[PDB]
Structures are given as C-alpha cells and as structure tokens.
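Spelled out from the first residue to the last, the chains are:
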Amino acid sequence: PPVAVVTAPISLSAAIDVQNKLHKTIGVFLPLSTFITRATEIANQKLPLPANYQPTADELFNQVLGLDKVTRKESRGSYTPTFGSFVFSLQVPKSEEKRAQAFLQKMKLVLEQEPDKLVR
Amino acid sequence: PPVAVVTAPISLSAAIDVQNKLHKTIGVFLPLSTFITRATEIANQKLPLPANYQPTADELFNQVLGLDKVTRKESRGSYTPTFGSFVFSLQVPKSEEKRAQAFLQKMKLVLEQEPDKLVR
Amino acid sequence: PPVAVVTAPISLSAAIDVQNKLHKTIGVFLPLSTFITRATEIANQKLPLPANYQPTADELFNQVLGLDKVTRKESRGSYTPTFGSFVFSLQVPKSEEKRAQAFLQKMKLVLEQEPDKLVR
Amino acid sequence: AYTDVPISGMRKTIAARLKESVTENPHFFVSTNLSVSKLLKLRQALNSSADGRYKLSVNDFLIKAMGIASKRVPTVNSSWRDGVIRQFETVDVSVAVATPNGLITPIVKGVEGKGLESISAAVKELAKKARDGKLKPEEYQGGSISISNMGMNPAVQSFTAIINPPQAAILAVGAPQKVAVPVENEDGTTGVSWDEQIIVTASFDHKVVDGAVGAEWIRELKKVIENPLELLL
Amino acid sequence: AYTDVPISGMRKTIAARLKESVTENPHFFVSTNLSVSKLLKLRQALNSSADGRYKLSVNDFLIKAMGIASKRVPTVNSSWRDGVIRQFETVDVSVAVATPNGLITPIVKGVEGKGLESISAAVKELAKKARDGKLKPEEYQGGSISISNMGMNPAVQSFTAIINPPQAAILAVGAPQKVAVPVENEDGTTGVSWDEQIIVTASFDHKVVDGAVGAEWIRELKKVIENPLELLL
Amino acid sequence: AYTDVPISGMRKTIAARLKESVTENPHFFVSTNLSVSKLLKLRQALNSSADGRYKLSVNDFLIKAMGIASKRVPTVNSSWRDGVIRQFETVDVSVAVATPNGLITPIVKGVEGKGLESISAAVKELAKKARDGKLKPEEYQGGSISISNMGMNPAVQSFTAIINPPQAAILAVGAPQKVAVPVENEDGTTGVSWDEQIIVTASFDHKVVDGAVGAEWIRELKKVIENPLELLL
Amino acid sequence: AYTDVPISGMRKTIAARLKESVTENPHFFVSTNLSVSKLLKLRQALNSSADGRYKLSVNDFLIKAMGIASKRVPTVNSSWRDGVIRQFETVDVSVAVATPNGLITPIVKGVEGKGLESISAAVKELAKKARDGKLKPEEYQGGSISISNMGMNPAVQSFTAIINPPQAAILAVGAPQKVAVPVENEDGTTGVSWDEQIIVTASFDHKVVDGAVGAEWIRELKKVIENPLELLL
Amino acid sequence: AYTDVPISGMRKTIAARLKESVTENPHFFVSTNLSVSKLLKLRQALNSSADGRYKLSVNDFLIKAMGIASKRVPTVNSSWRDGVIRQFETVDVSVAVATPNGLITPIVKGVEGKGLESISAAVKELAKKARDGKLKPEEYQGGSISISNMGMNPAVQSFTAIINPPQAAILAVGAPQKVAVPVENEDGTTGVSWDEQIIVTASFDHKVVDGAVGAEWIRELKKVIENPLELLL
Amino acid sequence: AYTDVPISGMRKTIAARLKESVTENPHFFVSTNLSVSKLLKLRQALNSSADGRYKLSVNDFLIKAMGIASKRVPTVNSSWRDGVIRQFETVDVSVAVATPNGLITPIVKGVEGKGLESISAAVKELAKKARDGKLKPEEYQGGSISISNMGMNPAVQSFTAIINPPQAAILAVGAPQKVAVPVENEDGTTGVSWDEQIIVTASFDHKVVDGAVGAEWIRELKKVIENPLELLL
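Protein chains in written order, with PDB author numbering: chain E, 264 to 349, 392 to 425; chain C, 264 to 349, 392 to 425; chain H, 264 to 349, 392 to 425; chain B, 226 to 458; chain A, 226 to 458; chain D, 226 to 458; chain G, 226 to 458; chain F, 226 to 458; chain I, 226 to 458.
Treat the hints loosely; a few may be bogus.
Unchecked claim - Examples of chain G residues toward chain H, derived with CB under 7 Å: (1) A270; (2) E411; (3) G413.
Hints listed in this document are in silico derivations from the structure and should not be mistaken for laboratory results. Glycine included, each C-beta is placed from N, C-alpha and C at the ideal position.
Produce the entire structure from the sequences given, and follow the hints as far as they go.
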C-alpha cells in the first residue's frame, strides 16, 4: 500500500488580528484551535472523487431505473490536518492524494480571505 | 381548490446598518439571506390554527381519557416567503390564508424592531 | 429520605458590563437568563461521582473482560439553580450533596472570570 | 262564533289512562345537571372510524347508562301489583316516538347485555315501523323504565312527564346549554371555562321508591355519564 | 443410571385425547402483531377511578374483543359433529388454568352480553375453585373457543397450542416486547418511536374454517384491540 | 340454544383429503424475512412506461423467483409416489383462489420460460373463470409447488398452510410491515432507516426434502428477491 | 416429460420413522428471541488469549446452557415408554450433522460436568468421523434432547423441526439479525441502539410436558444466555 | 509475375450459395441508432453480484430483445417455400463464428423462454466446438433470423450483410461511439451531454416483409433496448 | 508454681500422624503472588443477579481452578504406595474446618465436572455437620489434594502447612494486601496503580513430584486465576 504526502504553507496573522480586536471590544477571548476546526468543517463539504471510484449496488440500480439519471461528482469527508506554520501537511494513499489537496487549498483560501467567517 | 394571496411592505434599512457596523468593528460580513432565514425560523413557532381543523384519533382518545384535558391552540409550520421590497407576498389556500398572515406580521415586527436578535 | 441544601454568593456586575457594551457596539440586547442557562450547560460536563455509587451489569461484565480496564470517575448531570444574589442555592439529598457543590463552584468561577465565554 | 269537533275514539283511551295514573301514583321529582363534553368527544371519535355500518347518538349512551344504574340499584326496577311487589332481573326500556296520529311506546329488550350498535338498529327499525303504522301489540305492552328526550328543540330547558300505569319511574331529558365553570390555571389563579350541560329530570312513585333511593340512582347515572369509559364494565 | 415413575391414571386420559386431536383435526396457524399502548392507558385510567370494587387485566379485554370478533364472523363459532355442522349464537370462552395436578379449563358464559367486571369476577372465582380442587364437572365440559396466555413469563414471545376435540379454534397470547415504529413529527420529518407490541397466534381447523375466514377473524380482533373505544360498540 | 346445518358433499371431499395429508406427510416449516423496497420501485418503474397493455403485481415476481429457485435446487421440484421418487424438469405452480363455494387452485405452466405479462394474463383469465364457475377439471389437477398470498389483509403478518397430497412443498406469503434497519451515513456514523419487509413461510415434507435443502431453497429465493435485476438472469 | 429415481433403502427407514413420530407425539411449539452481543464479546475475549489449543463457537455455549436449563427443570429430561415415564439424571445432547448420504446425529455425553473445550473437541471428532463414514452404531442411538442449527445460512430466520421417537423435546436455532432497542442515554433521554438477536424455536410433546414447563425452560435458557457469566454457575 | 492457387472444394459450396441468394431475394435495408448506457450499467450491476458462475455480454441482451421483437411482430419469423408461406411460433437465432477454416453458423433454440445465463453458456459451448472442428451437421442447418456483430474492432461504424437462403432477415451490429446530446439543465438552459451509441443495420427481403413491418420491428427492438428493464416481461 | 493436664486420647492420634508425616515425606515449598481484582469484580457481578438461591466466595473459585490445574498436570494427582505409584483420573479436594474440638477434613467429590453452586452447597452442608459433630467416617478418609485458607485474619500474610500421609501436595492461602504497580498512561508516561494481591504457598513431596512439575502447576493455577473467564473451559 504506497502512501504519499501533500503540504502547503500558511500565514495566521489575520486570525491573530480578529482575536485581539474581539478581545478589546467585548471581552471574548478564544484560542486558534476553534478557528482551525471550524475551517476544517466548512472545508469538508464539496470535494471531488477519485478517478478510480467503484459504485455500489443501490447506485447502479437507481441509475438503471431512472430516479437519479444525473450522477454525482462530490462527496464529503473526514480529514484532520497536522500542526505547523512558517507547514500544513497531510499523509494519505495515492488514490485520494489529489482529493486531499482540494481540502488544503480550500482551507488555505478561507483562512486568509475569510477569517471573520469563523466567528459565531 | 380556490387560492388567495397575502402581502405586506418591508423596510431593510436596519439590517443594512447592523451589517455595515459589524463589518467595521470585527470583520464579519454576511448576506441579507441569513437574516431572512433566521427571522423565518423564529417566526414559525407560535401560529394559530384554522377554524375548520379536524382532530385525529389519538387526540380524541387522549381527551376522552383525561391526560390532555387542556387542548392546544398553536401549531408550528414550514413557510418560505417571496422576495421583494419597496413587497413580501405569500400564496396559500383560503383555509390557512389567515394563519399565513400571523407569519407575515410576526416577521414584519421582528425585522424592524429586533434585527440585532438575528446575530449569533 | 434526609435532604440537605448548599449555598454560594454571586456577583453579576461583569455580565451587566458585557450586555451594556454589546448593546452599544452592534445593537444586540439579550437577558441575563441565557447567560445563566449557558453557564449551567458548560458546568454539567465534568462532575465527580458519589462515594456510594453501585455499578450495573454491563459495566462489571466489561471490566471482568478487559475492554474498559481503566474505570471512570466523572459523569454528567441535569441541575437547575435557584434564583437570587446579594444567593444561589440548591436542595439535594445527602449522597449527592457533595457533587452538587462542584457544580456551584464551577459556575461561580466561570461567571466571574469567564462571562465573555457565554457569548456566541 | 266557534267550532266543535267530535272526540276521537282513541283520545278517550289515553285520557282515562292519564286520569288513572295521577290518582293512583303519588309523584315526586328529582333534578340534576350533567356535563357531556367527554361523551361528545367519544361519539365523534367512534363515528369517524366507521365506513358506513352505523351512526350513534346520545340517547343510546343514556339508555345503556340507565341500564347500568338500574343494575346497581334494583329497587327502581320493580312494580306494584294487587297485593305483592314484583322485582325483575332484566332491564327493558320504553322509548317514546311522536307521530301525527299520536304517541307510541316502542320497547328495547336485553339492554344490560348489549352494545350501542344493536340498540341503535332496534330503536330505528321500531321507529320506522311505528311511523308506518304496522306495529304489533306485543311490541308495546310493558317495560320497567320509560325515557323521553326533547333535545331537537333548543327552547326546552327542562320539563316534566307522567309515569305509565304499571311502571314506577320515568326520565325526561332536556336540550344542551352552555355555562361558566372555574378552572385552576397552572399559573396559580382562577379562570373561566365554558362547559356544555344538560338538565335531567326524573319522576318517581313514593310507594315503591324513597327519596334516598332516587338520589342514589341519580348519582350512579351521573357517575356513569361524566366518566364515559365506565360504560365498558 | 436412571429412574422410573409409573404413568398417572389422569395422564393417559389426556394423552389419548391429545393423540386423538392431532389425527382428527388438520391444523393451520395464523400470526399477527398487536399494539397495546392505548389499551394499557385505558386500563390505567379505569383502575384509578375505582375505590376497591374491582381490578382489571389484559385477558378480560382480549376475551371481550374475541366475543365481538366471533359475532362479526360466525363461521368460527362452530363445531364439527359426526355428520352435521353445528353453528351457535352464544359465545362461550374456555380459559386455561395451570395447577400442579395439571392444567384445567374454567368456562365463562354470556360474554357477548357482559361487562369487564363480571368477566373478571367469574374468571377469578373459577380460578380459585380450580386451585382449591372443588370444581364440578359441568363447569368444564364444552365451549366454542379456547384461549391461552403466557404473559407472566417475559421469555415467551410467541407459541403454539393444540385444539380441543369438539372445538374448531384456539388462541395463544405471548408476552409484550418493544419495537421501533415511524412517527411523522409535526416539524415535517420522520422519527423513531418505541411502541409496545404482543404477538398473537391462532390455530384453526381446515374442515370448518378456511384461510380467508381466519384472516378476516384476525383483522376484526386487531381492529377492536388497536382502537379500544370500539369495545363499547 | 343452537342451530345445525347439514355437511356439504364437497366439504367431505376436502375434509377427507386434508385428513389424509396430515397423516401421510410429516411437516416441518422454515421462515424468512424479505426486503421488497427495490421490487416496489421496479414495479412502479415498469407500470408507468406502459400505455394500458398490462399491469403487474408482487405475486408474479414471487412466482418467477420461485421458478428460478426451483431450477437451482431441483430436489424440491419432486414428488413421492407408491415406491419410486418422481423428479420433474418443468416448473408448474399452483395458485389459490378463494370463492364463496370454497377455495380453488388455478395452475400456471411453463413459468421457467416465460415473462411477467403472460403470467399475469394467465393468472387473471383463470381467476375470472374460477369466479364464474366454468373451470375444466384438467386445469386444476397437478403441479409441483403451491403458493398462497394474504397481503390483501394487513392484519396477517405470517401464517402456515397444509401441503397438497401429491406435492412436497408449499409457500405462504404475509402482508408487508415496516421495521428499523442500520444505515452507514456518508458522514461516518450509523443512522436509522425504515425498511419495508414481508415474512415468508415455507412448509416442507421430510421424506423428500431435508433441512439443508430447504434452507438453500430459501437462500436462493431471498437472493433473487432482494436483488430484483437477477430475475432476468 | 419427467424422470423417475428408485426410492433408496435408507430413505424408507427414515420415512417410516418420521411418519411414526407425527402420529405418536402431539406437537406444540414455543418461540423466543435472545440477545447474543455479550456472548460474542466473551467468545472474542476467550478466542484471542489462546495460542492454538482450541477455537470455540456459539453451539457449545448453547449446549452448555441447555444442560443447565435441563438440570433446573428436569421434567423435560424425560421420556415416554410403553406404560411408565422415564426420568434421567444425566444430560446427553444429540447434534445434527448433514452429509450427502443424509443427516446424522452424533451424541455428546456428560455435558453437565464438562467444559467448552471438551465439548468442541468431541463435536468436531464426531463430525469428522460422520463425514468420513466410519461411525459405530452405539455412538448414535439415544439421548434426551436434540439440537439443530442453521446459522451458516443467513436466509433462515426461524424454522421448525420434528421430534425424535424416544425423545420429548427438540431445539431449533436460526441465523442472527439486527433490531432496534431503546437505550437510556446518560444525558437523560431515550435513544436507538442496534442489538443483534437470534430467534430460537423449541418443539415439545404434550404427553410428558405442559405449556408452563416449556415456558419456564425457555426462561432458564434465556437467563443463562443473556447473562453469559452465569454459565460458570 | 504472379502466383495461382487452386480453388478449394469448400469455397465453391459457399460461392454458389451466395450467388443464389442475391438472384433469389431482393434486398432492402433499414438503419437505426441505439443508446446503450443503461444496458452497460445493468450489465456492470449484474456481473459484480456473482461469484464466478457466469459472465454476460451485449450480444445476449440483443438476442433476447430480438426474440421479444420477433414475438410482437411475427411476420418476420416466417419463410418462403415453393408455393406456400411458412409461419413459425418458436424463435431460433443463428450466430456467426469466424475461424481460419471459414465461417460457421451455430444455432440457439428456445430463446423466447430462456434466460441470459443459458444463452451465454450455449453460445460459448458451441463457439468452442466450432473452433475445435467437431460440430454435428444438424446443429447448423436452419433458423429464422441471423445476427452478426463486429464490435471488437473500433474501425467498423456500420456495414451490410447478405441474407441466408431459407431466411427472410438478418441483423448487423457495429461498434460503439460517442455523440453529443442536449440536456435541459435544471437552471433553465440547454447543455451538452456525451452519450454512447451503436448503429444497427437490418436487411430484409421484400417478398415476405414490407417497409412498414420492418420499421415497426426496428421500433420494438429500440424500445426494448433503450429501456432494459422491459426485458423481464 | 504450675499446672498439669492429662493428655487427651485424641491428641496422640494426631501427634503420631504428624510425627510420621515429617519422617516419611521430604518437603519442598513454592510461593507465588496472584492478582484477584478481576475475580472480585466477577463475584460481585454474579452475587447481585441472584434472588437468594446462592452466595459465592473465593474458596470455590480456587477449588475449581485447582481442579483444572490438576487436570492439565496429572503428576500431582498421584500417591505413593508400598511398592507402586498410584495415578488417578478424578479430582477430590480436602477442605479444612476448625472447631473447638479440633480440626476436621470434609471432602468434595467430582470437582472437575461441577459448578460453583454445588461446591458451595456441599462445603456448607459438610461444615455444618462437622460443627454439629455427626460426621460419618467414610466422609473424611482420602483425597488427592488438600487446601487451607486463613483470609479471615488480616494479620496472616503467608504461612506453611504439613502434608497429609497418603497425599503428595497441599496448598495454603493467605490474606489479601495492596501493592503498587506500574501503569503506562496514554499520555506516554508511567504512573502508580494500586492492585490487590494474595500470596499462595504450595508444599510438595519430592518422591512423587519435582521442582519443574510444581512450577508448571503454579503457572497453570496463576493463569486460570488472573484470567477468570478461562474457568469455563
């Protein structure tokens, strides 16, 4: 079972700014951890599927019939990143390696352009 | 099956003010849509029943016995408004037309005197 | 069935400050009640057990086997305080009286050093 | 100026009988009020789970409850003969049907050991035959208790009735009405609720029955009516 | 290594009878599941409004419902004689009582025209006399249907029974259990509810009854049990 | 009090036959539960793409699956004669039709090499002629397997049937019901789903069949039913 | 079109025996459901602490529990002879092994005073010799109770079996399945849990056993199985 | 410069036959396009639920659909004799197998009343025997329809075939290809989807068949193929 | 100043025996420590699911484990006679009961094939009869192994015992105590846990047993005790 890793840098300045500012205007202080988990939740919503995906009996039966004539190209997941910064790394087999990447870049975008989104 | 519609104007200035202000003090920016849905959720909680409501077997049995000697005059619902402003409109049969109105005015009050309520 | 009560003072100034400040910067105004319930929720998470606790069949069977060789020393609960200030009181039997105290002090700490925590 | 019509042959047969009853049976009355909301709810529950087999009414419930109350207090299910008292063990009820030709007296038998469906079917078959004027004599000869209802007219609150010659009791039912009652609201106060009630009058003879016996009879009837489930046992 | 005990005189009187029933009556069984939550609520409601006069149980409800179902489908309330079919019009039910001297079958009469209180009183008086061994022979000779209950043991979900010689049906009741059912929550979704059910088995002879007749019989019993208010009807 | 009806000439012709079957064929039963959601979806898909030519039902699917299972395990498609075993190679199924003059057994031939439309047309033509009482004798004389269905009555969960004299198996089908099953939600947890199931009972003779053979037969039937596309195979 | 195969000499030796059992022993069945999650956990715990000496299965647990239940209720560990009842004090169990030359019944002795390892070793040595066709006659002649298992086929939920001639009981075990049960979550609510269950059927003769005795027997078996540690006791 | 090889004895036997067919049967062609995505999905669903018993292909599906279409329109399942028309009721299909020694013509019988597994097994047994050169003459003598497939080579889009002497139709199948089709996206627009199609050509004689009959035949074949479930009925 | 008391007749009978054992049997000891937390948990689990039938203790568990260990290593279940070695196949255990009149030696038979309940009942019946002084001689004559326990006194950590004349081993059990043990906490460190232990001493003769045999015996006993489930097999 060959395995491979994927990596991506990160900058956490904006999250620090939001935390500090929130602490000065209300009193709420929270750790970086909740930002990390909340970003992970919004990320694992729309991730492509491996090209070597094999369907199940129910799926084929429903197609052969005509209820779900439009097929699916998305599927949820359950990933957990690895700590680090100046980096975020993940270890996964070869088949999904590509899917695991869509996850890294999605979080890499939200956390740098949408840190405020992870607040209440 | 005769059908009828109910309508009510609306002013969205206060929601705009809350969104702008929140954007300036923390960084969070969210669309009007979540305000609309959250108002719809708090609204469909306490709505009267049609005057031509017919009970079921369990209800009558429990009354004939004595467990729920105090009857009910409220029941939840699942409504979805129609977009528009300067108006909010809904289309429903005649029997419930009156109930659908309690919904419009309830949202019409909360969104004009309680916009802050729909924040976290 | 002998019964006993436990009591503890309280100061609600910090919650007032947070409510006022939140009202001035966004518009949100909420009652003290939600602070009380939210503190009660975070409290009933990690409370010790009575010293005269008797286990059940499944627990002993799982120990005799070897799946849960490490036993437990915590268990959730469902408490509801009684109103008052300058005090919070609870009435419970003798066996749990001690457990009910861990609850009072836990809320007594969070509400005086972590009021901000009970916000979104 | 006036008009005269000869007296009918059938009008004296009832006039003499009525005139004999008053001079032969001393009368004393008893009145009560019954709440019938639960009974209406039960009837609605049992008239919707059917497909067309039957359809019930209040009179059947009252008849069955009468039978049960008669069973608990048997002194009313009796009769006064020449020189001896007659005590029965089976309850036969006399229902009154009004027609333009006069007033009939159909009979229902074996009420104690019977259900609502059979009682309704019998009362309706007999009402039809009474209206169509092909009633055998044996079918309206004797019973133990007689009932009269006037709930079709809202203007009759309460009324009295005369006892039949060989019988020792009769029941009269009025029309429903609405009254205010106190309810202990859970908040710890007292509020107004609107109950629906009927007023029931019972006329008894004082040679076979006493006041206490009639009062107990009314109590059993009331207990059976207000709590309708108890119609099973 | 073993021990021997002489066969009792009463054990062959029953051994021969059981051996005659199997070779004389072909058997076919039918099974069903009944929900009895509403019946338990009814029983709790009717066992608290009393002051000590009576106390009810599930068996009485099942006996009365059996009588009603027998009345609606009379082909089961029958018997097979030498060269003629016997059809009855009165329902007599045979209840089984177990004693160390073997089982016994007290009999209840006039169930159709009766209430729960009388049925309970009769079943308990006869159970006491059966346990005390002073039962007259006429009191356990013949009926139309037989019932067996084992709900005192929670380990019996469903079981079968043998038909008596002159009868053409028998019912066996098991112990209650809990199962998941779908409930349409008012929010507009589907949720899980925990209902309590019993499994009832009926054994029928195929010379006097057919499959459709037994299926209809089970349907009437189920309709009467799931909706308990119809017991009045 | 009772009534008597003379035994019919046709009732003993069947009474003697039923009494001969029990004393000639030892019986042992096997039960199973089948999920039929996919079969209902298939039927709905195939009953809407038509313009009026046909209309299908569950019984046809069960008949075809029975034929396939018989083909895979031929030991059941057999019979016990005086001193020799009879093994067939063609599957003929006996369906039961109930009429007021008693039940009847129309027969379907060449099921293995046939489609659903022909089976439905034959079963309905024969049902009509059976109801109208113009059935030739050759048309109900012999088969290899017999089927009985009672899904028209929702109160029959499972039941048993008697085997015909020359045959060595019979199948009984009950009514559908709903049960909870575990589903592996894509989020990575376990949830509750509401599946619809039927309970099928099979009665077998123990001189021509053994327990393992019946268990394998039930397995092939289940595999063919739960996966409906395999009906083509 | 058909084929014929001569009846085997061994097939009538069993045909006559099966035909004698039904006409000599009236049958009545009892069913129950057992939860076996704890037993599977125990088996997994005891099949991993070994180095290769042994390997266990569910049948051994059921055999030992059967022995204990027989000891608590000895009326089933009996037999019906010509004119005397036989009561034993040692439990011998008959296990069924299926082979192409037909089924066979190896026997295990001294189960009460034995452990799981010896029972497994005996059952496997005898199964091997039965498959290889070198079984002595004394080794399959007589026992007190017989067991049948079909858990190798997932399509068999529950089934029935015929009693052997000299014995008075037989047990049939089905395949496991999953059902929903209520769990009292520590938060103070009710939730859905997925338990694994098996359905066990027991067939009893009614000349040596009664319904209450069989119900008690099933209760002892269930209590011993659901709580597995009591197997030591 | 050139070379010459003597003509084979078997080459004239086919040359004369081919030369006789053209001058004896006027030819007219019909073409159509079939979508086979659903058929591929079905085949994948049915080739994974097996353990090694079988393995299917498109040709079997086409053969069965041909049989059904022949049944609906019987005028093509005919033949032209000396002075009379021959009309059959059983469908026999001729498949073409290519070998270095020449072209054979194996036959499959009873297609109408058959399943995919038997058709595949027959086609493969016969293909093996044809390749190994031990084919009996009776096995390749006459049919009603003939089929040819060339889907193993992607470079053959469409082609024609010659009709056999006694037959009145032949079908030729090409290789799959991909084409663009319009899809009505739920947003309210039109988009491009990629469907996979095959082109089927049919050659017919004009003495036994007309244009409308062939067009209807093609329509039934298409309807059966595009909707694959309809292969059941 | 002093006092003198004549020696009892029974005191020399034991003095001579003790003096003969030391000069006839060389002694060598072996010691071990056993953890009994899991055994206590098991006992608590099995002493609460009862209604009053029984009540267990540690000695029964030790007796059963002894029996198993004896079975695995049979060289200890032997004896030394005049000129030949005696090897048994049944395990009989001698328990010591102290009374003011002296020390007795009740016996338990058939331990290998027995359960905890019977062992406890026997040990308690015999203890009662020993205390009441009505013990038959045959009941305390010979065994294979002897056990002594002094856990009622917390001040006895470990002690020695003398072997009986015809036997070749004896076991002595002490009182429980608490000791610190290392636990690998999931955080990746080492912590202190408090285990409860007992110290067991075994005395062996060196003419029938060797050091390795005794060491293996202790190992089997320990393995059976620390893992209590293994008491089943």
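Do the hints match the structure? See the list:
1. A270: holds (5 Å)
2. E411: holds (6 Å)
3. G413: holds (5 Å)
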